[PDB]
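The residues making up each chain are set out below.
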Amino acid sequence: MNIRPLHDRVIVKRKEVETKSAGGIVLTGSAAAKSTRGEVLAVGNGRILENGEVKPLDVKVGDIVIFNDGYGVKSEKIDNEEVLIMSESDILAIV
Amino acid sequence: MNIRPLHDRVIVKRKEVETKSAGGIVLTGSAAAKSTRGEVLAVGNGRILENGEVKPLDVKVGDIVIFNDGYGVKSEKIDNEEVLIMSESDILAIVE
Amino acid sequence: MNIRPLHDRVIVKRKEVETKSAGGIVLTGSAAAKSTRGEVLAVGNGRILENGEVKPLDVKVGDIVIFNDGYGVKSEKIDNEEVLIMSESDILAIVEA
Amino acid sequence: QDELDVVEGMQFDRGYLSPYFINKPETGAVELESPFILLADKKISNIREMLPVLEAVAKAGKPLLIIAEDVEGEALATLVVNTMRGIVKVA
Amino acid sequence: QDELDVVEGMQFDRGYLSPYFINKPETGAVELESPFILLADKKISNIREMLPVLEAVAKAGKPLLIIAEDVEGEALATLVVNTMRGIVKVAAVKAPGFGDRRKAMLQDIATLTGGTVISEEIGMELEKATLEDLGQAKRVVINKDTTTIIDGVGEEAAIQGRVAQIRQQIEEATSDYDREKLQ
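Sequence lines, in order, name chains Z, Y, X, K and J.
The first sequence: position 73 = 73 (the entry's author numbering), numbered continuously.
The second sequence: position 57 = 57 (the entry's author numbering), numbered continuously.
The third sequence: position 96 = 96 (the entry's author numbering), numbered continuously.
So the entry's author numbering is basically just the index in the fourth sequence, starting at one, shifted up by 183.
So the entry's author numbering is basically just the index in the fifth sequence, starting at one, shifted up by 183.
Quick caveat, the hints were computed from the structure, so don't treat them as lab data.
Label-pair restraints from in silico Cβ distances:
id, chain 1, residue 1, chain 2, residue 2, range
1, K, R268, J, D253, 23 to 33 Å
2, Z, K13, J, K277, 53 to 63 Å
3, Z, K20, Y, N80, 50 to 60 Å
4, K, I250, Y, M1, 50 to 60 Å
5, X, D58, J, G282, 54 to 64 Å
6, K, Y199, Y, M1, 49 to 59 Å
7, Z, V61, K, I205, 53 to 63 Å
8, J, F281, K, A212, 17 to 27 Å
9, J, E355, Z, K20, 53 to 63 Å
10, Y, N80, K, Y203, 33 to 43 Å
11, Y, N80, K, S217, 48 to 58 Å
12, K, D196, J, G282, 14 to 24 Å
13, Y, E39, Z, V61, 27 to 37 Å
14, X, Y71, K, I250, 46 to 56 Å
Here are the simulated DSS-like cross-link-like pairs (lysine-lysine), alpha carbons at most 30 Å apart as the crow flies:
id, chain 1, residue 1, chain 2, residue 2
15, K, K226, K, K242
16, Y, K77, X, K74
17, X, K34, Y, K13
18, J, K311, J, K286
19, J, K245, J, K321
20, Y, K60, X, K55
21, J, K225, Y, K34
22, X, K20, J, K225
23, J, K225, X, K34
24, X, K77, Y, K77
25, Y, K34, X, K34
26, Y, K55, Z, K74
27, J, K245, J, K327
28, J, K364, J, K321
29, Z, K77, Y, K13
30, Y, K77, Y, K34
31, Y, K74, Z, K77
32, Y, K34, Z, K13
C-beta: ideal position from N, C-alpha, C; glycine also.
Given only the sequences and the hints, what does the whole structure look like? Please build it.
And the structure:
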């Protein structure tokens, strides 16, 4: 739980797998069906660039957002839960 | 004794594979994985871009960190155990 | 023997080959895992970055170092000496003991 | 001379591929009490994360039976070494 | 004149891949007193580094025999070059027979020679092991084709236990092919 990302790459934990939404009445069909929502656990203070010591995030802390499930997201198991590290490029709209 | 790295260069000692508590031990074999845990030996000076001069060091020696899963991390042979060296920018997060 | 390199180009001799002492009495085959280290013969003139210009680095002549072996280094037997030209980032870590 | 044999239950000709599955019953016979059964539609090689599900069975002191098309080399090897060291009883 | 030969202990008909294994005895006769026998399943090419085991035997300072899938020429060069050097005498042989059953009888040999059941196809490693795992036999005699053991270091209780285990396999059901070969 106590894992602190810094700068760009920040930690967002995946939401519940096999969501009820897909399929309408029927549950999510188990065929390459991936959702792109998850809640951010922690973020860094900011990015040091062009003499700017910190680039503070407009991104809130602890709030669920949408994410881009591409190569940039790296899932690691902490406390037997999988949380993905990635920069702000892949993090989509705030929910 | 520590070998001192140049700027933006971090040296670590990789941590051995831990067996899962799920069942009595339970061991894998020849199954490589990203070094999610390791002990930093020394850190680079930093970035000098636009006369970066000396920016503050990200981490201090003895800290357990998690870094990038990239091919650029170079292993090195020394007395006793080996070590892993990467860029100081290759750190991903700090454990605890 | 000492001809000046420039900027990232630094000139180093790669460490010893042909495992006289590296482990037991074993002899290395065609598969070579050797001379991951080196000793720098000289360093480049220095950086050039918008009046930051030349800044000497922590490595000077005679340093026994560990480097990055890749395509970026050029190896040549010149001046009756084997020499390798590698970049600023091709240096891994330096210690004299 | 003729002989008669009577068989009750589900019997078919198939043996363990690894000789290390010779359990505590030697002498060519392996009798296991209170086993349990899994039936999967697909070949079971890669996904090894089902171990806790069987682990609760094993740590309660009762064996398990597996019916799979095949298990790949690494998963089969770790299962065999787990059985040999005595962590779990697996047929 | 008929020829009478007795071949006792453990024997297999496999030849050394390297002719440089010509030993001190003339006519290329090879002899090893109390060597360390080891089992492997891999052809040692990619790792190219048995050196931890090699140096463990070197500090042990006693001859050795290895059984493996094969040894590549790169590792073979030093393995033969190093045996000359006098560091450790190592004898390498090809697999005597068909995989599963031959391996099964190699483990029986290891138990006979006081070695441990060693198969690389399980979680244990070739270089990760304990030095006592190597089996020892008093004298082994090796020629261009035949390798034989006079007497080994093993417990007769375990040998007789294996004999009891193989007693039912003496008959089996295959009969003609299995019985005489196994006996």
